[PDB]
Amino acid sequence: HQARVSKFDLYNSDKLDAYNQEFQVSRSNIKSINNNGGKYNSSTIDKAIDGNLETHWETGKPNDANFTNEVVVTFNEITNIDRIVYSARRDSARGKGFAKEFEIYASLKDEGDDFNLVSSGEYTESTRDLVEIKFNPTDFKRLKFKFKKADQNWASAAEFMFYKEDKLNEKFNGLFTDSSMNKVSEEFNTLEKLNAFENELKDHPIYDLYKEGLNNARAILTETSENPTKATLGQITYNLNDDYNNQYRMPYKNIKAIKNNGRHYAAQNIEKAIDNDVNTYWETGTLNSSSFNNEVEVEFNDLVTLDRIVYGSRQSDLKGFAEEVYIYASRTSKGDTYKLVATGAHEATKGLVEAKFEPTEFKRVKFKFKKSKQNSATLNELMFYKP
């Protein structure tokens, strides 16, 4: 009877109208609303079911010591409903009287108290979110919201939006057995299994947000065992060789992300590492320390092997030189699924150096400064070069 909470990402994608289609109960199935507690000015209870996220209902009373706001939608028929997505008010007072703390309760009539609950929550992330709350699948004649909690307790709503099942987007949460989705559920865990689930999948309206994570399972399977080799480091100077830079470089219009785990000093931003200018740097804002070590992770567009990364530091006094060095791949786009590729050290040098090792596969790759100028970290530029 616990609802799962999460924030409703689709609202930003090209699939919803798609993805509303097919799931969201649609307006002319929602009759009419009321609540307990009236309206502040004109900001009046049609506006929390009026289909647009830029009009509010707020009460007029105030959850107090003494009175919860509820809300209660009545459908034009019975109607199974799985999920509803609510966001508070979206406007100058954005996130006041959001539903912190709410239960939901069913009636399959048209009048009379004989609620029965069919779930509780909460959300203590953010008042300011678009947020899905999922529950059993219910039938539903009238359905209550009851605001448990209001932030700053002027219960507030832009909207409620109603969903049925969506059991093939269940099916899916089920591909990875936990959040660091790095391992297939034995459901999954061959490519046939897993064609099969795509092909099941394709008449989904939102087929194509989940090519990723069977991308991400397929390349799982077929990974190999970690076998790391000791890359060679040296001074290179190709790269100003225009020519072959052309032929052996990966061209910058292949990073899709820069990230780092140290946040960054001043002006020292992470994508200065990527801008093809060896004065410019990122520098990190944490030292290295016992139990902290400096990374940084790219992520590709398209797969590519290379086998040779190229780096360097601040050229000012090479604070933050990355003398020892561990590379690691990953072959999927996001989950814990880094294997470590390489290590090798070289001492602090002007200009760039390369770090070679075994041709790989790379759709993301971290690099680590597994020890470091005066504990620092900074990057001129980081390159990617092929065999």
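Numbering follows the first chain given and starts at 1. First, how it differs from the form deposited in another entry.
- Treating the motion between the two forms as two rigid parts, with each C-alpha given to the better-fitting one, puts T237 and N293 in one part.
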The other form holds:
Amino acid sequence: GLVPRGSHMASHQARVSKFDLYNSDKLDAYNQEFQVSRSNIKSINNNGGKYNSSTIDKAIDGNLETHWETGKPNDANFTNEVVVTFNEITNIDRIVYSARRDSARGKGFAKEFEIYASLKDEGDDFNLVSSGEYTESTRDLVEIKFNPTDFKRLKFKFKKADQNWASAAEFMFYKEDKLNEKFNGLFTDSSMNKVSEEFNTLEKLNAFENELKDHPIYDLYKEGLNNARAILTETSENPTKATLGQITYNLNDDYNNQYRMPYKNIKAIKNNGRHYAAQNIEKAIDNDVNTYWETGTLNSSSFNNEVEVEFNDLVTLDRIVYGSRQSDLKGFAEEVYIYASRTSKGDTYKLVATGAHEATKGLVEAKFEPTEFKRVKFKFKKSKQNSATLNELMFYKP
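Could you output the structure for the form deposited in another entry, given that the previous block was the form deposited in one PDB entry?
Below: the lone chain, stripped of partners and molecules.
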């Protein structure tokens, strides 16, 4: 699902975020209502010519796999710009843009940009609409969001282009989507751990959900709405004590079928350290007691190792089963801190359980009270030899 991008009002700094909507089957439906049709894009020009056959028209041909590239890169004296002319004066609030997507994908990405408007067909009467930047990645298809503005001509300036050779796979234009912008303001800030005032009760939130039901990408809003709901209904952090002990029931296939969360419920895994050699994080969840992750950063006086696993579906767990590397036992979580989040994204973790067990071969369970998990954090509060290793990390239900 979609994650709220934060509210934008403009001073005139554009909100730039990854355009994840492209990976959805709802795109055609969304484009139907909000996209400025390509048939409305009359013509295009630019001030820097073109490299080889990467002609400027290829920037607005509706094909992400064809690109324009400038013939003259940015330097101290020259800034690449593109000017799109529309059939009629068109109200636009968003540009969806990608750099070239060939073998040199990302090269020429508009790391910094300015957007200008003209209501006339000719002459330099352009006024500045919005300035923006995107530092995350050069390879991304990004949504650039600014104040809804009338354009006969839209000028896009490559204030900073990655490696100077400005490129564009596509420039796409969208009309204002008020409900989408309402969704984007669901949380107070980028940490998304506090619901905004206009949705800060279940009554308000549920009514908002109902308001969105006819929206073409309503299905993609559900995750964010559920996230807000989880926050609104969250109970105070009251960590219990986890009883740890050696177990062997992981061998029991039938038992696993009933009580172990399916491995395919794991959306992603990450950790706060790196990893020593080729003992990467993914082999902590490969269902192989012989392969193990090892940390690339040991437990300092000010540092604990912690591993984070995201789930597709929220699940209620009472046990987390783990083991160290079986050769040495170096990195056995002698003392464990377990954190639960009921949201898919955001700074919404809370401590649920604490426990300790001596370093031992095999697998160890950490049994606590039934807790809901959308994501889990496994912290090495105390570890053997100050390292951190996991051969397997498993999640068991009550």
